[PDB]
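In structure tokens, the next block holds one chain alone, the form deposited in one PDB entry.
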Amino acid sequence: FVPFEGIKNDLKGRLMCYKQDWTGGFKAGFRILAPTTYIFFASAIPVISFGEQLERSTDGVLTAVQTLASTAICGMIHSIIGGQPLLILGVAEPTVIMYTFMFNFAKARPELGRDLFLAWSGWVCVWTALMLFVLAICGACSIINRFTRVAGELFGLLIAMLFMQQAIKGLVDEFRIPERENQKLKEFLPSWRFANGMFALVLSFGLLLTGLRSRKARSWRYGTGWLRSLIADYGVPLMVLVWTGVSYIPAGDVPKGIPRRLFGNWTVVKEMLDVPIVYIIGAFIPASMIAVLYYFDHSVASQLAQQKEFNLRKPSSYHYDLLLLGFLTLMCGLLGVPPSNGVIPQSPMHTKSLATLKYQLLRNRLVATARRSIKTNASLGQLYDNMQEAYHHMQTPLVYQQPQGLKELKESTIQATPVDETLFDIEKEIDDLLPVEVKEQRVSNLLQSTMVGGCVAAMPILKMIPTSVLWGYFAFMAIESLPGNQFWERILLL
């Protein structure tokens, strides 16, 4: 717990893999788009829903534009000067709840009111940034190492429950009347309300089930490997588009608002000084709560994305990441947008997507080299050396760790068996000698954040997405937040 020690160590560790990170990201060509698109959707949809929630709860002060902008800019800044690019930054539900409480508080104060809510929020963000700077400098993140696996598994289960609760609330609300829209409308009649609710159920459950099924496309006996990979990679986005189109089928015999549809930044410094100095000091309380919440969430999200099973070859940057989070919180507060922070399951999903990308690249290369070696000599022991050489050749030269390497050939495999092609199927065997590795780089995070920012200008296209699709995705991510963790497995076995 020495001042500036952890930050300096993290910077030293991460400064010798920066060019390597960018060059590795550029090494893979357009194949990096699949994880990028997957995480882009996973980050945009919850953020858009949170923006709509804030707009309904803040009388239009904060909308999806502000949340999307915060997520975007903070994501780009982290991707460029972050330290742990595997982390995905975005506006989380606890931030929305806290901002709702602050807005409700300020609305009842004649001193603050509604026109000064953003300024008071900015002062709260300044206090939170100071607290985060103090925590990072003093090495308070060292306690994160103390927290064991269950400390993160419980948080993941809690986030899954929160996402499922949000989805269920949305589905139920599809049956009810909004508190802002015109009450005397054709689309809001009890019969049409029931129809909207059941249609929302159909769309949401269809999206959820089809996406879950498509996630297992690679393990299908039918179609070609190209199509199977395309489905396994872009199924959930494709399902989103497909069910959005399905929602338009009965448009010729139904009122306008059936099913219900969805729908830069500025500075608040000038009006920040107009706040009387009895609430600038009072911001220490909500700032304290938000600082504690962010200290916990950022670190837990970063560590859940750096699981030992992934065999990462680069160090961690907890302290420097917290310092940059303080800086980003200050910037967001000054810009009049809610702060962003490390979110789950977005970060572990990003890590798993990168691991799958590297796995597929390695599988393709090894299958190619095995096929090339089968024709020439194919000695079953000289071919294996060729695949090992190719594996080492693909690898990025670093200084911290070394490649895991192809694992030992199983005794049963050699016993079953130059090499006879009839008795040696490459596709069946390669999967048995492929380690778990992650393609670590900064390109995927940068593109994902830029795409989220681009959604600000694509609002007309986003107007065509029904809310039922959002609730189906929320449940999909909730199930993704318990993808087989040890705690969930033990509860299941109990």
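Only residues modelled in both forms are compared. Residue numbers count along the first chain shown, from 1. Throughout, rigid core stands for the largest set of C-alpha atoms superposing within 1.5 Å between the two forms. Compared with the form deposited in another entry:
The comparison between these two forms, aligned on the rigid core, picks out a single residue among 154, 138, 130, 143 whose CA moves by 2 Å or more, and that residue is 154. With the core held fixed, residue 469 shows a CA shift of 2 Å or greater between these two forms. Superposition on the rigid core between these two forms places the CA atom of residue 220 2 Å or more away from its counterpart. Residue displacement note: residue 276 has its CA displaced by under 2 Å between these two forms (rigid core superposed).
Shifted stretches between these two forms, defined as 3+ consecutive common residues each with a CA displacement of 2 angstroms or more after rigid core fitting, are listed in sequence order as 145-263, 463-494.
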The other form holds:
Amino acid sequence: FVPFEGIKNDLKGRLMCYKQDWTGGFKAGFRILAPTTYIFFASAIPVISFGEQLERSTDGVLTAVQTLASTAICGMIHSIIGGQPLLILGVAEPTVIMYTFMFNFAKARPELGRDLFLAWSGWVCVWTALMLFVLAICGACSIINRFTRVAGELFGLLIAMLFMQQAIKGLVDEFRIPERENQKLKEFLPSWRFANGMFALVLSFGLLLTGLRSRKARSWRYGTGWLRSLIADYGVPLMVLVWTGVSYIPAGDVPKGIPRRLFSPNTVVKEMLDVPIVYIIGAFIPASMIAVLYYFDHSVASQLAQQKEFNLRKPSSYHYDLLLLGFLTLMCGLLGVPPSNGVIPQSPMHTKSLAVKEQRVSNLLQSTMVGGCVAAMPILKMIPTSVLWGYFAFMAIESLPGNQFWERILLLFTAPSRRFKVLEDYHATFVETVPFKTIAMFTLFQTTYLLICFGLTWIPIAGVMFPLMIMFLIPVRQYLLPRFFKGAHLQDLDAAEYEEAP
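I have the form deposited in one PDB entry already, so could you send the form deposited in another entry?
One chain, no partners, no other molecules: that is all that follows.
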């Protein structure tokens, strides 16, 4: 834990390949575009969905333009001066949740209001950058090995639940009058509101079901190899386009705003000095919580992108990456946009697509395209919001497959006389090596923790504390769990490597 040691080590490790990285990227030629476009489509649509969530949750202060710009800037900078180019940057759901909490707090206070929300957010980002610098300097990244599977899987399921809740909220709001739209428009008549809601249900469920079916095209039997690969890779953007075109079918027989489409339109230092000093101090709380969230997620995403099975020939840069994230957080705060952090499963998808051809080019190009999406905002404003709610549900459902916590929940909800069906197919090792009752106790404890965190998320002010509960899982797993469980049981239940059996 010698100060600055990790940063110097990572800088020296990565400084012997910079030219090699760029040249290898250039040598890839035009064949490097397919992974680039694949990751670009994997990253842009979720970012637009988060932007729409912010727009509906920030009264239009933050929209898809801000999230797109933040993603582009942070990604390109991480490409140029980052330590782990394979890591994908963007605006993630936890950041959106923290910003929603911050806005809900700021609005209720006449001192700050909606006009000083961005200034307060920038102060929060300054504090977060300070804490990230402190963490990177004090060598806290040396203990990333303690982020055991339990915490990662619980956080994944929590994010999936948040996505599902957001999709349901969007579908429910599709039946109502938007808060900041004229109420005398013909499209907001009760008949047209009901029609718009029903059309939104149709479009969202069509998108969701077709995407889920298309995810598994390479296991189909019809069509050419290149077509099957194309479907399995781009079923998401293809379905988004198809259901947009479908949404345009009755356009001639219905009012202009049927179905509803993206509401997003086509420096804040001066206001920073106007924030009362007391709130500049009070920005410490959300700043600390955001620092915790980032310290978790960036490290976990880098780890996932740097799995040993990839046989990567270049070292890791956890400390330098955290320092660069602190700087990026500061700059995003100054520019009045939400900060970005490493994202999942975008980084592992980028790594698998590059399978390895490590370079700083693919990420740079994909971030440049995500930024250029801003210049095409008139094109993006053709997408209905029901498609975005369907996409939220799609992400929620797709977070589950590789999660052992979800599998153990399913085992819990399986009838006793039916575990042979579970054994018949692929499964984990703890099913055979561990007694069922211990698995049940573990799953009950994990589920209780997850529901406690989800319920805390609903608290208006104190609900900004869920990163603390997530972080508490490290000391709990370290000390309390061994008391109530026995060695190999915990080791197999909380293995760092995904084990499967035939």
